[PDB]
Amino acid sequence: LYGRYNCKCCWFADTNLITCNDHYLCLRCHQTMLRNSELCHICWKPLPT
Amino acid sequence: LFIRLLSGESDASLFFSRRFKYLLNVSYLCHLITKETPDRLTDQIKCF
Amino acid sequence: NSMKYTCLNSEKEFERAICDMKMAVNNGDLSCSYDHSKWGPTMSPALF
Ligand SMILES: [Zn+2]
Ligand SMILES: [Zn+2]
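Quick mapping for you: the protein sequence lines, in order, are chains A, B and C.
With the entry's author numbering, the residue at position 37 of the first sequence is 69, and numbering never jumps.
With the entry's author numbering, the residue at position 15 of the second sequence is 688, and numbering never jumps.
With the entry's author numbering, the residue at position 7 of the third sequence is 1160, and numbering never jumps.
One thing to keep in mind: the hints can contain errors.
As the list claims (entries may be wrong) - Think about it this way: if two alpha-carbon atoms lie no more than 27 Å apart in a straight line, the pair counts; the simulated DSSO-like pairs of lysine-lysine are:
#1 A:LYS77 <-> B:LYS694
#2 B:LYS694 <-> C:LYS1157
#3 C:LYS1157 <-> C:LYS1191
#4 A:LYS77 <-> A:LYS40
#5 C:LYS1175 <-> A:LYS40
#6 B:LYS694 <-> A:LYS40
#7 C:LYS1157 <-> C:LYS1175
#8 B:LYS719 <-> C:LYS1157
#9 C:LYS1165 <-> C:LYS1175
#10 B:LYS694 <-> B:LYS708
#11 C:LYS1191 <-> B:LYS708
#12 B:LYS708 <-> B:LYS719
#13 A:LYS77 <-> C:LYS1175
In short, the hints are calculated from the structure, not lab data.
Isolated chain A, as found in the complex:
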């Protein structure tokens, strides 16, 4: 089972979230961390596509 359906970065966005193989990262945080680099910086795993 995954977490409690939260972004895990901002804690306040739970809407059509995306799984990073460990959590429920949201859309904008995912786009920002993908534009930053290739790592995830919150689970240290390759980011999804």
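Once you've looked at the hints, dock chains B and C with the ligands against the given chain A.
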């Protein structure tokens, strides 16, 4: 410092765990100042 | 010591409370930390 770290409309919580840890360690800076009763008589009076 | 839930001179119950709190925070339960003001100077031996 608290405002610069906490203020913001939308992009103010990109990494909230780091912000919380930093602010907590900043608030816990009170352990640097020692606790050696600057005055004894005044402290006894206040305790009474 | 005959009781169970109190954790003041029992490290096992302290660790149990710690892991319960950790699991609740990881799951998202309602955590309420209640500090009480003037615990000492308010209680009276007549209550006991
Ligand atoms: Zn987010
Ligand atoms: Zn991740």
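Status of the hints after comparison with the structure:
As the CA atoms of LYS77 of chain A and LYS694 of chain B are separated by approximately 23 Å, the hinted pair is consistent with the 27 Å bound. At most 27 Å may separate the alpha-carbon atoms for a hinted pair to count; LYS694 of chain B and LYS1157 of chain C exceed this at roughly 34 Å. This hinted pair checks out: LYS1157 of chain C and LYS1191 of chain C have alpha carbons roughly 26 Å apart, not beyond 27 Å. Note on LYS77 of chain A and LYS40 of chain A: the hinted pairing holds, with a Cα-Cα distance of about 15 Å set against a maximum of 27 Å.
About 16 Å separates the Cα atoms of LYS1175 of chain C and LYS40 of chain A, which keeps this hinted pair within 27 Å; it holds. Of the supplied pair hints, the one linking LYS694 of chain B and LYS40 of chain A holds, its CA atoms being roughly 15 Å apart against a limit of 27 Å. Distance restraint check for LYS1157 of chain C and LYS1175 of chain C: the Cα-Cα separation of roughly 20 Å lies within the 27 Å cut-off, and the hinted pair is therefore satisfied. Distance hint between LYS719 of chain B and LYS1157 of chain C is unfulfilled; the C-alpha atoms sit about 39 Å from each other, more than 27 Å.
For the given pair, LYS1165 of chain C sits about 15 Å from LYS1175 of chain C by alpha-carbon distance, which is consistent with the 27 Å threshold. Of the pairs offered as hints, the one joining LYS694 of chain B and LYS708 of chain B holds, with about 25 Å between alpha carbons and a cut-off of 27 Å not exceeded. The straight-line distance between the Cα atoms of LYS1191 of chain C and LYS708 of chain B is roughly 22 Å, inside the 27 Å bound, and the hint therefore holds. A distance of roughly 16 Å separates the Cα atoms of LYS708 of chain B and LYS719 of chain B; the hinted pair therefore holds under the 27 Å criterion.
With a C-alpha separation of about 24 Å, the suggested pair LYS77 of chain A and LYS1175 of chain C falls inside the 27 Å cut-off, and the hint holds.
Hints 2 and 8 from the earlier list are contradicted by this structure; the remaining hints agree with it.
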